[PDB]
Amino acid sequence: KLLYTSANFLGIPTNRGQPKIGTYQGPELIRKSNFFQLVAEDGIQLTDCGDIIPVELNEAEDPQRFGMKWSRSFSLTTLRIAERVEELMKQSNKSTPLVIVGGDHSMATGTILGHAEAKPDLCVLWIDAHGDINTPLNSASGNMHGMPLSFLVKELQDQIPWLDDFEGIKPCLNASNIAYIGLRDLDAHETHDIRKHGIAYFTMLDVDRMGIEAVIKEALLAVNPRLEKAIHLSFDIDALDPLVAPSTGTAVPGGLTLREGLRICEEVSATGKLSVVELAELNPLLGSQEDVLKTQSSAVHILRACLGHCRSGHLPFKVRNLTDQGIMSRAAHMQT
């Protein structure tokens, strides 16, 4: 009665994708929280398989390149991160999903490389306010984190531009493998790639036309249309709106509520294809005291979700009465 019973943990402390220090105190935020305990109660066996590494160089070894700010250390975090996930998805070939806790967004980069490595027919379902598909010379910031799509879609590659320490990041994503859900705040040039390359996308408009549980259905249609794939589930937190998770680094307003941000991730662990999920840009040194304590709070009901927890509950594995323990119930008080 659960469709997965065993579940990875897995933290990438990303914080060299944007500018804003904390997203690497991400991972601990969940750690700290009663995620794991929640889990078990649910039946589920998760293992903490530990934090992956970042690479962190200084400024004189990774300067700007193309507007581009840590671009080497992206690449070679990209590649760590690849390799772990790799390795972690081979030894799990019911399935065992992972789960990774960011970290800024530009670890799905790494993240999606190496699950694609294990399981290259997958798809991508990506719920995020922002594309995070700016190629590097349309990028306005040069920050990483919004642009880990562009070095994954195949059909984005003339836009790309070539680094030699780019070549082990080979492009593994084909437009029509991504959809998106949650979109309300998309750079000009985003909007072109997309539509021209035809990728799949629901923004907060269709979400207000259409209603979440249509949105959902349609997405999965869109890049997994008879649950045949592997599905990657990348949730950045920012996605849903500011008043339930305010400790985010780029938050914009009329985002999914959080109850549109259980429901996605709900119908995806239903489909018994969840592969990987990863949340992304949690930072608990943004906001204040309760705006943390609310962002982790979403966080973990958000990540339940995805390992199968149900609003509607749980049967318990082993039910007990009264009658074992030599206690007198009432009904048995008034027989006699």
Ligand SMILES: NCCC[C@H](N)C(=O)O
Contents of the next structure:
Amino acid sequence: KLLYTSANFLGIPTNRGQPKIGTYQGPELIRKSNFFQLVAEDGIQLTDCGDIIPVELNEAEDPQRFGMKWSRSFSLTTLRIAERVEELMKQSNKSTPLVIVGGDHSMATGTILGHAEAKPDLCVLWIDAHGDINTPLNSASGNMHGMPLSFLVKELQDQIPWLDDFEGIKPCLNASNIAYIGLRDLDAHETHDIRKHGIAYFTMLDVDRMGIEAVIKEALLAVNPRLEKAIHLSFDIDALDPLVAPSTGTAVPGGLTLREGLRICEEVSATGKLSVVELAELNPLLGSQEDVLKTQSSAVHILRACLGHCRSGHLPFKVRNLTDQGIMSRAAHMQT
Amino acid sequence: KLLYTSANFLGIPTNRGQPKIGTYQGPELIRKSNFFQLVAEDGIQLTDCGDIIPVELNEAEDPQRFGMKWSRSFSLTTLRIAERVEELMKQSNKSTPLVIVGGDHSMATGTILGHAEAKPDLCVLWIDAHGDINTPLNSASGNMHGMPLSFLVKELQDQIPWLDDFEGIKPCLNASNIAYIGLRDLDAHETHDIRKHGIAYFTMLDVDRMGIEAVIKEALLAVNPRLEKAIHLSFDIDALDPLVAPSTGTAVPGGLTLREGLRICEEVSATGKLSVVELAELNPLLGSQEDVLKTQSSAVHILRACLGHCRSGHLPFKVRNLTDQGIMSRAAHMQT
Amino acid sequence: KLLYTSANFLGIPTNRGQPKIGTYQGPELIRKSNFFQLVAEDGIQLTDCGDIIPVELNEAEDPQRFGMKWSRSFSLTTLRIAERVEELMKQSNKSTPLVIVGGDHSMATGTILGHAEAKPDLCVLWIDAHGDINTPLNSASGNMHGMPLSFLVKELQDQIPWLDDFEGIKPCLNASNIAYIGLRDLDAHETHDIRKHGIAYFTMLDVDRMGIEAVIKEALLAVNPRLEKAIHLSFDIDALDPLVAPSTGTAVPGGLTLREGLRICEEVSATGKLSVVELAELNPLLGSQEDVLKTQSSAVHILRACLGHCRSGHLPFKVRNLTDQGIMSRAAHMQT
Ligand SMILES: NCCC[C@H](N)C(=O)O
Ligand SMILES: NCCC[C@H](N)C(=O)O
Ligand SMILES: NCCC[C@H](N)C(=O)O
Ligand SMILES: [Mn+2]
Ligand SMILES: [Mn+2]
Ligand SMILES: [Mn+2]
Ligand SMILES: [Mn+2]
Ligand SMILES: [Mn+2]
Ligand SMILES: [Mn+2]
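Could the form solved in complex with this ligand be given as well, to go with the form solved without this ligand?
Below: every chain and molecule of the assembly, starting with the one above.
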């Protein structure tokens, strides 16, 4: 009656992937909400596996390299994340989905690396306003949260500078294993690489012309045609329109409505193949108090959908009956 | 040229159906707006029939019974409402629609009861994020605004505790006479009853997959196949997304857009069978000043649509002409 | 690779077309944004042609005439605008689109007049919540921004009072050359004239039932069947929902989403016939600081789309390569 009867929860408070302080508070924004309560009420046993501690070096230990900011903090954090995620997914080897709350999106290199160690044939559904696939020398910002996929994609490795501390970050994805939904702010070099290597992608223009139902179907067709593969769902909260998720560092107008976001998560959940979902780029230090509440609320609804919550309702585990209590009903009285 | 040339307006400031003070100010939020002016400008004669005075007992006179809060205030108020609504609909027996502004949604038991006395074969279109069909012993809150339909539905009467003061509240609806649109927060026991008794329902998931045009058509097909029946349109303002109706007590993200709400009302109005429309759960004491204005504005647009306002425009009652005023036009001058 | 490789930019700070001070700051709201930077980054050469100075007479020199407010300021401003626009379009005779930022919508009489002098067979796509086609004696407000099209439409000239200072304002449009998208607040006499003279129009009701993709196709079919005609795109920011463009003087709920607005502009741009786009009714003096930022942001996204910005990405002008820098890649290292 439930596709997933248990799940794990993990916080990853990355904040060295981008300059705005506050993504480290993402996991707590969700712990402080009613998310856990709501999940239990649907009958799912959710275990809080705690937080990963990111490695945050000082400036002297972690100077710019190839224009990257905090690259050694990134490589060390990536390996720590991957080890923990691999551990969790293998103890789990009705499957047990891992729910990850960030943290800026640079965490994805580690979560996918570790996940792929447990499930080498996985596919990735990347829900984001951005491509997050800049190679280091094409990045205008040097911000790691804009590069996480590039280190993972085999076809891109002639464009990644070699670094000794990156050796353990082994590319584990083929371009054919990734699909994007929600794109609306690609850098020119990302567009070039995505098209050159045939990465499946559905931008907001595609969502407008095709409708979200067809986009979801086509994205799943592209990377998981017969639902044979485990799914890594990487959901950047900034994929959603700023009107519903204002508290995030790189907001872009004209995004997915909450309902469109829910449909993506509902369909992914219903495949029975949801293996990891991560939710990135929440920043409770951005915007007004009401902004933060709106963002928290959207995130909670999204994560609930991923775990199988149905907007059309759920049936009670036990159906209550008046007579059992020794109470007289209207119908009964009307007989007398 | 108009489907309805006159209408009645009635306030019902119920506030004992739920804990948040302020729904009693709903009717005044609409009187203070330009609603009456706008309706007259479309050529409709709208008569303000005043307010019903709810019965509000003190705690000593109205203790909890079967976990219900303010249940005797409810039964007495229900009967007072029904008497007044029946009176209005029978003096009205181009039909004359009654527009009712609440007030929390507990008023619906009385409005439908009285309406059905005048028109026994009516159907109900219930636009709401919530089912409002909890039976008393399944209600977690004890709030009457979450139970109004259960006392009316014949099939549910073996689940309603008998109470002497409820005797005059006679179930007047079959499950086959009700259709929901907009649902997204059903309690488990509501889901059970709705499915068990075959109540037609279209949740936000249905709206997403089918589109609002198909949902409206299917809802009308389910309960009013050949437009033979009078329609009771019960519209909870919280059916609309919180972004357009923030000032309401149980807001739920991912609701109907204003345009989707307008389409429901436009199609219902155009059947020629709109007999009662009630608008529930406005609370001007919730949210910011701008929040209240947004909510007031949405409500006004909704009610105008119900009465036949057309977004594609209306023709003038008398067409003005330059010559009649003894004024020289450009065209005329250009001849000389 | 680009449909338009250069464009001109012109400010028109009209504020005598309506009573609310602040539309004169519209052009500066756009100059202060990153619009110019973003346009250059797409490879378009955009030349700032400065501002037109409106003629603003004092009350004594410009009394009401036929109920019109500031009508002589309007006629003189109209002729000044037309002269400048004609000049620009003829020096331009890959075409070079002119981008105009207002300023209240009364400027349209002049921009279209001047544009038509350069391109007599043009068509007009009018994106607006309002018809802006009231003739003077039917206008309840006397506000010129509600009348700009009436002076231009040949079929309406028997309803325009003759005024000596209006002689040079020659009607240059047939009713068959105009299509509206986005309408939701037509005055009765506008509805009469639009229907009587067969002006193509798609209201928000049409957008709801047909979808924006079909509306755009039908609007272009109506006035530019084989893409033979130059297009004058007149975009009132109030066509967009108040949730995304709050800072404007006559806001109406239930408007186009930003995405729907983008689709209109993308399709118009892609015809290769975009000759003038004007963006009207920005008022930075209305609403909160965040309101103004939202409005500025929507306007920038809209104007970028008009010039050919693609949400699905653009290719780099030069593709960067690691080796050129004498840098060692991961792929290369892995061979050694
Ligand atoms: N995660 C936001 C990424 C923004 C930009 N593409 C970058 O590379 O920084
Ligand atoms: N009207 C809101 C109802 C919320 C909940 N279903 C309840 O029974 O109270
Ligand atoms: N531009 C807003 C126009 C509003 C009204 N139709 C008028 O004629 O003033
Ligand atoms: Mn992003
Ligand atoms: Mn991202
Ligand atoms: Mn409700
Ligand atoms: Mn309700
Ligand atoms: Mn307008
Ligand atoms: Mn306008």
